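Inspection log for the structure reproduced underneath, given as structure tokens.
Only one protein chain is missing; all other protein chains are in place.
Naming follows writing order (A, B, C, D, E, F, G, H and I), and every chain is counted from residue 1.
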Amino acid sequence: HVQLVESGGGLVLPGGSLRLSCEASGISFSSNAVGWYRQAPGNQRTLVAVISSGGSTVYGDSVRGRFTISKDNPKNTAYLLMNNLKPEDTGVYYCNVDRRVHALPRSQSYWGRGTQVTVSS
Amino acid sequence: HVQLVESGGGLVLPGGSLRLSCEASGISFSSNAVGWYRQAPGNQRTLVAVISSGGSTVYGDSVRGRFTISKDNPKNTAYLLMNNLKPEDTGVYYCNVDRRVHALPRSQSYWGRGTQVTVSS
Amino acid sequence: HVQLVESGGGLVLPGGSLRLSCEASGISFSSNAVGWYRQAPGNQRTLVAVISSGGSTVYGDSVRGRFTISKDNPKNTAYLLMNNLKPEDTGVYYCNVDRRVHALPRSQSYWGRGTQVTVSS
Amino acid sequence: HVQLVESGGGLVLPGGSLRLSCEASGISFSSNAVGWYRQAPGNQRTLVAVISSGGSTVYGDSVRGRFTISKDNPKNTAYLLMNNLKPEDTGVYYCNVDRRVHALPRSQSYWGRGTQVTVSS
Amino acid sequence: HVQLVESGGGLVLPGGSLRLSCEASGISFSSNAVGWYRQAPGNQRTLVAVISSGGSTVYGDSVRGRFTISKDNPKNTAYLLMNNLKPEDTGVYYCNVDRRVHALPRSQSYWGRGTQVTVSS
Amino acid sequence: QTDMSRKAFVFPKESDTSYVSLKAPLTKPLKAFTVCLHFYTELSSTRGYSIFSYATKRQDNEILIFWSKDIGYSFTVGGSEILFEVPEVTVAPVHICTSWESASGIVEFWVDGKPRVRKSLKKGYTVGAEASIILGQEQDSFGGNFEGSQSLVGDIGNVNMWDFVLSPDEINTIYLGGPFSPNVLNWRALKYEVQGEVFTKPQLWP
Amino acid sequence: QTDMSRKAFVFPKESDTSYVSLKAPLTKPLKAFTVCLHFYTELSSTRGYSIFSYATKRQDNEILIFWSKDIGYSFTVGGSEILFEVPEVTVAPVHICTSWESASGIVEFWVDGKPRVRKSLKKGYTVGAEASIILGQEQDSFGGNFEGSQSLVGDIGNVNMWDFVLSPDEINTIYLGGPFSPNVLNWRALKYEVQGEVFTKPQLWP
Amino acid sequence: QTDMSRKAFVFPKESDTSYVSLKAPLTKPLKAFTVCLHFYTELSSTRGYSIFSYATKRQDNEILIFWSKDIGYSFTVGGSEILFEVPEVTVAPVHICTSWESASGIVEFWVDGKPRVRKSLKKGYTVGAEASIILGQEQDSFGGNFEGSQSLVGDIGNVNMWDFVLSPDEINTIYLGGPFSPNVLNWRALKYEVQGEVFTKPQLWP
Amino acid sequence: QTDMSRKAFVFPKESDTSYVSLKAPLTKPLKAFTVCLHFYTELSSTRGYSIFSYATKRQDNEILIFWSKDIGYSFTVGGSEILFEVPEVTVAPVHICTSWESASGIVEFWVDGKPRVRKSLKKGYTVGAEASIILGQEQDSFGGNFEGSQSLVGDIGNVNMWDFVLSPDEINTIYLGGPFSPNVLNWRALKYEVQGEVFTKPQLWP
Partner (left out) sequence: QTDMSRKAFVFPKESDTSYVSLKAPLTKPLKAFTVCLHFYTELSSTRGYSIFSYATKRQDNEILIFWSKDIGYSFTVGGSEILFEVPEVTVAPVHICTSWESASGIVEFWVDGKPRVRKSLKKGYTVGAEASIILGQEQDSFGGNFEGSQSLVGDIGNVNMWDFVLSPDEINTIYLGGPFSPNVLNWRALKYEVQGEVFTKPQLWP
């Protein structure tokens, strides 16, 4: 069926950098859109960076021009490069895919486990 | 005479959801408007979500697009579905009915006891 | 000569109500304007609610649509109705009269002793 | 030569009043402009109230319509009236004179010792 | 090859002044632009003051009209004169050169060691 | 009858006894209607005031237009009601034109020439004939029963009403001030009674 | 008499001794009035200044127009007073026109062409005839008794006054600068005295 | 056939069963297209609504225009999608015109007359012929499978579609309301079916 | 003499040695004056710059116009000085016109056509004749003694000066660009010297 595998996560000292990969199987990024959402109070995932099937991308308001997201159809994998992260950026991150970028996530959209990131000094 | 019965309330951990029901007797929601008000300092209830007889609804400024209110004339019952509630949302809630949506409540408008909601983690 | 008598003051629990009366003698409210001022740091009384001789009234910015001032020429008495008073509203209140509403008070304008109000819970 | 003498300063309880005088010798206020500046972090004297030779005056933004400054050519003395002074107003004050009002002071402009004001309650 | 030498730095009491010199060798300021950047959380150097080859200069938003930067081609040295510095200005400062003013620094742009400034009282 | 052209009613002070009553020759039940009027008051965001009221012998709110505080315009028919939202409030004379139909059950609400979204309300239901059109005070009964809190202080005029539904062109011509022939309430051949402190003076608005 | 056409009084500096006095041929008591004038000053939100004063032998404020600090325009007749509120203040020449009637007891206050809401004041009361119209300083008595704090520093001109009440069309024509014929105070046939530092210079405003 | 000139469809209430279907005489595959339409609704920043849908037997989103909440306009062809960003939202009737070409693979999106930056999408790919153009509800299949959350509540009209690509002058003439001749979907010779609560009424917008 | 019509001086870089000097045929003392000029610079809210200077043998600031940082325009005569306040600053060419009279002792300062409030300054005092009108740098003495901090970087032109006082109509015609005849400093028959880096180029402003 559909399985989403996340990799490339952990903890780093402040000011470092890291890169995340959200590999997918069964589904194809050619006719879909992917995105990474953060954790927040309650059950509110916050928008971080999303790339649509066509190529247009939308970044979070706070992180405007901080990180870069990209995709590769051949191996059907999405890479998010995070650099120059402040301590507050630590938390729980998820990578999801849906038939169309939809801002605030929606029920059907697969979520894909999760990952933890620490900005400990 | 007129009796207002509230049900569906309690406490839940953060990020959960709940649904309240404000059943009425004697009065009819067909030619009236209902609404839920929160507790606040002093004797000032705050607007949360109100549905008029016609069908138009007005939600609180802070809770814009967070919960959904609805009604059912056949059984004359109004249901408010709260989801993704933060800890600050805890307090005392009331459901009232009046001949016309009037923002800040008015003297004649019934109040209908009350209920307690906790967002304890 | 001229004497101003204030009455109807004290302390109440939060959310209560009260009403103050500023009776006057010698002077006439028919050709004058009255008003209530609060206490503040230094010697700066603050605008609360003022009613002119004609009938127009001016309320404080913070108390917009909260209180209600009124007058009665027959017995020459002004009544201010306090309702929905938060704890911060406690302090020292004065009622004064002058030939014309003049915002920030003026030296000639009689002041009229004072009164204390507490919002203790 | 040129000597600047300041007088009329000290400490008063909150809400009191005082008056400062900046007498000058050698220089003439007829063809000059005077002003009082406050103390601040670093070496940043802050504008309080300045009167030009012609008669136009400029008051500080925070002090808009609070105090009054004035001058007198006959005995060549400038008086600033302190009234309704909050506790934060305490600090170090200086009175200086220059050929033309120049906002942020300038090196040539004579400074004239200084004075201390306390708003202790 | 290219070597960048910084000089004129240390610690001073509040309200003092200092001047920093960023001498260069190998590269020429005639066809380049220099600038001083501050330290910040993470790896975010912040714009302080930059002077382009032509002569136009750009100062930081917070430090608008506080310090003055200047250059001298003959000896190919850039001098930044800081005066009236508040305690918060303390930190780590760097002087760098690039072929064209580029706001947020860029990888190729040489950085030039660094320096420490203290505003201890 | 009388011609109120270039004339307007004025309510000087707020009270609960000043009001006018407009009579109509209506005899048969209504299956649709449209009303238009101009008005100007400074109440604004202070309290709610009544604009137009139309009661019957079995309903106090057969037709009613209100200004709900911080909510906006409230249009109610036969008990049911809808509320058109206005984000901000100004201070200047305003012209309004509302229309409702039975079979379609659609409500249109033009404000100052610009139209608003169409909405559905009270599908398949008739309106009575015996009516008492009071102007100045909201009524909770066929006669008086006024509430001083809901009184209006300002000026109002140019009240017209048709039984059928107008078209956008017709509404635009109405706004521009052209000719038109009402058939229910004609401002040019009005017949009215008045009680209390009400005055007639030339209209301020152009 | 003299024609002040395209002329304006100027008060250079604030003081308590500079002022002009306007005489009138009025002989019979007034049961209504209307005044119009243009003025321009920079006091704005600094302090209150007097605009127009009209005193008698038994009242210092028979008619008076003031600019209450942060409150707005204040119009007072025979002691009673009302205050028209202005949200924000600008810096430019302004034209004002106020009118009052006895029987109706309604006050109208046009500012810069646009009208304001009507209001009630002093119903059923007459105004005296023997008057001293001082311009420049507010008066607390028939003669002087001025207060320097309330003085005016700026320019004022085009002062006209009719005994009866004008109509909106007439006010619009006045604003546009058309012909007219006052009957109490005519700016084209004025008769005045002056004392202190007051100058006459061409009007800046168009 | 029928002429919908000066006519518009109206959807009173949100639901999942009201919709219209437009038929076309298309027989050969498309290598380019252009569509134009006017619409007006108050959904705005509340939820996303479907504007125009075009499905086939092997794809539910052959062509689709959507209003992604807080994101802006979303234009998708054959699965691929792009999103034109709009910073702020207003409340007034809006006219849109989009065009796409195969060989060039460029998409143009004119909104309210002003053009937006060009973008590339789906280079070298054809579009099927057998189609079901439903209006009112987004489709996830050739037939129904609608989703009530994505329904549209408002007015829409003046739907035109050409197979080739128009020029800027042609688009400007379209906006100004001049003559023209569609060849796929002509609003003047439309042929449609309707089901549910849908009404035809004169267009509000000019 | 030469005609500087459609010509303007340009100061490329800030310095303390570039400046022009304008000569006049004045022979008798002045009891009034009026000056007008256009200028355009980007200094704005960065530092104060000198606009127009007029010195004598016993006073460095006989007449001077300055732009005090965050304060506004500063007009000084014979030592005494006034300041007109400007709330906000823009970036575009600006035209100014100031006038002063001895007997009246009133100063008028028109900026960009709109007039400012009248003010009193230096009543009953004459102005010398032997003068050295330097343009570009403020002077603290009859000759040089310039200060680089107060230099001007930008463009300036259309400098005219009359001995008497103009009327509002005349100033309006000046602003609109009509004919006129100066008698002290005529831009059409100017006579000047220049030193340093100063260039003459066509005026950018219309």
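Please note the rule applied: a residue touches a chain if its C-beta (ideal position, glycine included) is under 8 Å from a C-beta of that chain, and two chains touch if they have at least 3 such contacts.
Residue H:168 is the one among H:144, H:148 or H:168 that touches the chain not shown.
The chain not shown here is touched by just one of E:39, E:43 or E:52, and that residue is E:52. Note that of I:41, I:56 or I:59, the residue touching the chain absent from this view is I:41. By the touch rule set out above, chain H reaches the unshown chain at residues 104-106, 114-120, 167-168.
Contact between chain E and the unshown chain involves residues 30-31, 33, 52-56, 58, 100-104. Summarising the interface, chain I meets the missing chain with residues 10, 12-13, 40-42, 92, 153-155, 199, 201-204.
The rule we apply is simple: only the chains that are shown with their structure count from here on.
When the C-beta pairs in contact are tallied for A-B and for B-F, the bigger tally goes to B-F. Each chain's centre was taken as the mean of its CA atoms, and the one lying most distant from chain I is B. Centroids of chain B and chain I (each the mean of its C-alpha atoms) stand 70 Å apart. Separation between the centroids of chain G and chain H, computed from CA atoms only, is 63 Å. With touch defined as above, residues shared between interfaces to two or more other chains in chain B number as follows: 55.
Within chain I, the positions touching two or more other chains are listed as 119-120.
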